[PDB]
Amino acid sequence: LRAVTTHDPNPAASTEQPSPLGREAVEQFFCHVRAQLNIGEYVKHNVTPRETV
Amino acid sequence: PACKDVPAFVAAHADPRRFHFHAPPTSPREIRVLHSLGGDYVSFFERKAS
Amino acid sequence: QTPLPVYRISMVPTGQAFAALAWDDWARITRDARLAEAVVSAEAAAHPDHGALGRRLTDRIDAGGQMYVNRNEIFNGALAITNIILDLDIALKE
Amino acid sequence: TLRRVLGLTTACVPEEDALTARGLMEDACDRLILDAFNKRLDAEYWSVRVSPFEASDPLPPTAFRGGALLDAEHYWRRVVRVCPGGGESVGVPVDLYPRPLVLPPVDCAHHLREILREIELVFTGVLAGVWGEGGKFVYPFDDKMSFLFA
Ligand SMILES: Cc1nc(N(C)C(=O)Cc2ccc(-c3ccccn3)cc2)sc1S(N)(=O)=O
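Protein chains in written order, with the deposited numbering: chain A, 372 to 424; chain B, 848 to 873, 877 to 900; chain C, 530 to 590, 603 to 635; chain D, 601 to 750.
Calculated from the structure, these hints are not laboratory results. Note that beta-carbon positions come from the ideal geometry of N, C-alpha and C, so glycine has one too. A few of these clues could be false.
As the list claims (entries may be wrong) - 27 Å max Cα-Cα, derived BS3-like pairs, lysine-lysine:
1) D:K639 - A:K415
2) B:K898 - A:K415
3) D:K744 - D:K639
Claimed, not checked - Here are the simulated distance ranges between beta carbons:
4) C:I626 - B:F894: 56 to 66 Å
5) D:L659 - A:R421: 34 to 44 Å
6) D:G607 - A:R405: 44 to 54 Å
7) A:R405 - D:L641: 44 to 54 Å
8) D:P660 - A:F400: 34 to 44 Å
9) B:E880 - C:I631: 35 to 45 Å
10) B:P871 - D:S689: 27 to 37 Å
11) A:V404 - C:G605: 54 to 64 Å
12) C:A573 - D:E626: 51 to 61 Å
13) D:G685 - C:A574: 17 to 27 Å
14) B:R897 - C:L633: 31 to 41 Å
15) C:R563 - A:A396: 40 to 50 Å
For reference, chain A alone in the conformation it holds in the complex:
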């Protein structure tokens, strides 16, 4: 809401700037959709494959 607040009514002189909501949400939480995409990356996050030879 601070990214859409204006300081002037003229559309060509508007002070509103692009909003970070969706990009930030996708960057942090919706970036782990690949983990649940037939990859097994959720396992890779906490795999600890202890195979002693």
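Place chains B, C and D with the ligand on chain A using the hints.
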């Protein structure tokens, strides 16, 4: 789909070793013991929510 | 000769009868579902497949007394596990 | 291990030698615990001589039945820590029972820990004494090679 011995496969379900937790493994050079994997309550949803 | 399997037998009306065995007549237990090599070979000739062939093959199928009626192998953490045995409990709508 | 690790006098920056030394020390620990498995059933081999002054495990009420064997105990009490059932580790006075002995599997997850403790003491002394200090050689027994016994 590409089983080269069907009769063996059928007469493999009757061998108790095929369905026992600690059965004898069916000349071993090397052996790799997977004795630890992932933990518990470590889900990304759970760790993010916490 | 150890290590050995340890089983649990549920009897009627009740009573968990534990049974540790060194050898047992498993040939008798699996005899009912043992298909002779001739039978499996003949079915393979009739149906040269892997999905329609298994179909035909499947379609062709006292504590001491209760031993051969109910067994439940008991997990031993001391020993090493060699077979991935998964219990699939499927629920059905119809 | 010390004979092999002081044979690394090949010209190298001190930092490199610390790592190629710690690797060999860990490998020596590995070869020791591997050979420990092949003697896991020799309870007399995994035995500790407790003095009458040191804190001692409590005597099982059946060790008082050795007959003409209780007389041999004059100074040392040879104890082996076995693991009956689960979780509990109990001490067996080895020389107060007739032979051949029958015992639950020996708790090598207790004796090997102390043997390794003193091995890491020696290895931390040599690591922090020849090359730069600051490294306490620890072997992850509980994770790397604990499964063999427990
Ligand atoms: C700790 C953290 N902060 C986030 N908030 C603010 C919330 O849940 C807020 C909330 C959400 C639902 C309810 C509710 C109320 C009645 C019945 C079911 N539900 C109550 C409150 S989410 C959780 S988290 N990341 O652990 O799931």
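Hints, one by one, checked against the model:
no.: 1; hint: D:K639 - A:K415; result: 37 Å, violated
no.: 2; hint: B:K898 - A:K415; result: 17 Å, holds
no.: 3; hint: D:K744 - D:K639; result: 19 Å, holds
no.: 4; hint: C:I626 - B:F894: 56 to 66 Å; result: 29 Å, violated
no.: 5; hint: D:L659 - A:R421: 34 to 44 Å; result: 39 Å, holds
no.: 6; hint: D:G607 - A:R405: 44 to 54 Å; result: 49 Å, holds
no.: 7; hint: A:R405 - D:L641: 44 to 54 Å; result: 50 Å, holds
no.: 8; hint: D:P660 - A:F400: 34 to 44 Å; result: 59 Å, violated
no.: 9; hint: B:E880 - C:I631: 35 to 45 Å; result: 38 Å, holds
no.: 10; hint: B:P871 - D:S689: 27 to 37 Å; result: 29 Å, holds
no.: 11; hint: A:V404 - C:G605: 54 to 64 Å; result: 57 Å, holds
no.: 12; hint: C:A573 - D:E626: 51 to 61 Å; result: 54 Å, holds
no.: 13; hint: D:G685 - C:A574: 17 to 27 Å; result: 56 Å, violated
no.: 14; hint: B:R897 - C:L633: 31 to 41 Å; result: 35 Å, holds
no.: 15; hint: C:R563 - A:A396: 40 to 50 Å; result: 60 Å, violated
Figure legend: structure checked against the earlier numbered hints; hints not met, in rising order: 1, 4, 8, 13 and 15.
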